[PDB]
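Only a single protein chain was left out; the remaining protein chains are all shown in position.
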């Protein structure tokens, strides 16, 4: 029938208008989402141990897990963010327009700057500060290059996931 | 209770005979599967923005995500393919008897050679062409070694053949 929505320690999720929640999504406790968000199949927004704040027009893709460290870390996601399939976001701040590649893990006290890209499968170490409009890739996630301003977010994403950009020398997704 | 099956843009999943769908699997939109397939716990096949085509005796293991790019990529998976636990396949072509290792990410316009093996946890970048009968590994995935065609088509077929037996213990209540 509908997404699993659930109170914990008296906190009840607050979801804005025009938000799509998949039938088998889970949103639990201290979670606020803005307007125009989508939460896809089997995604889990677990606000049991600390707070999750999500802005407007955020896409949380299938099988993604959002969690925090009890009294140590929080999630703040800004507007127009894309969180890829099977991503783990743990106690991270993600600024407006940032894209997190499918399969990535983003650890606590990470800041992803406005319009930055985390490549698919990256592991972003605790406390990593990702500059606005940069691409990070690998395990651990390292600076690859500035986002090309002459191209769109999506094409910058596609270029960041092409083997041509990591050829014979650079060994990071 | 059974699998979440839904249409999107009027496309309705089509499933061959003798196909196991776990009751918490999700199959949505433009998905076509052959017969002898198995779709495991919390697998998601999301054909909402482009097409997913799957041959026979394919297992999609627990927590695996199949998705595509709007007007840009499609998924084509051959027969006797094993897709591991928590794998993401995005707009890729997987030929017969290929095995995708658990936790791997396979990106758009990738072609996985017949009898090939993507190692657990690999990230295969866009327009990687994986040689048949070869093992790829790492992030980005790179050529590690050849396997004999004999042991590699047979070996990957046996994983897919046993998976049909594991499916029937749930599907047929055996």
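Note that the chains take the letters A and B in the order they are written out, and that residue 1 is the start of every chain.
As a working rule, a residue touches a chain if its C-beta (ideal position, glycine included) is under 8 Å from a C-beta of that chain, and two chains touch if they have at least 3 such contacts.
Visitor: Using the touch definition from the top, which of B:62, B:76, B:79 or B:131 touches the missing chain?
Guide: B:62
Visitor: Tell me which residue among B:34, B:36, B:91 or B:103 touches the hidden chain in the full complex.
Guide: From the options B:34, B:36, B:91 or B:103, the contact with the absent chain belongs to B:103.
Visitor: Determine and list the chain A residues touching the chain excluded from the picture.
Guide: That gives, for chain A, the contact residues 4, 6, 8-9, 24, 26, 28, 42, 44, 46, 48-49, 63, 65, 67, 70, 86, 88, 90, 103, 105, 107, 123, 139.
Visitor: To test your reading of the contact rule: which positions on chain B touch the chain that is missing from view?
Guide: 23-24, 40-42, 61-63, 84-86, 102-103, 119-121, 138-139, 162, 166, 169-170, 174
Here, only the chains that are shown with their structure count from here on.
Visitor: Indicate the whole-number Å distance between the mean C-alpha point of chain A and the mean C-alpha point of chain B.
Guide: Between these chains, centre-to-centre, one finds 25 Å.
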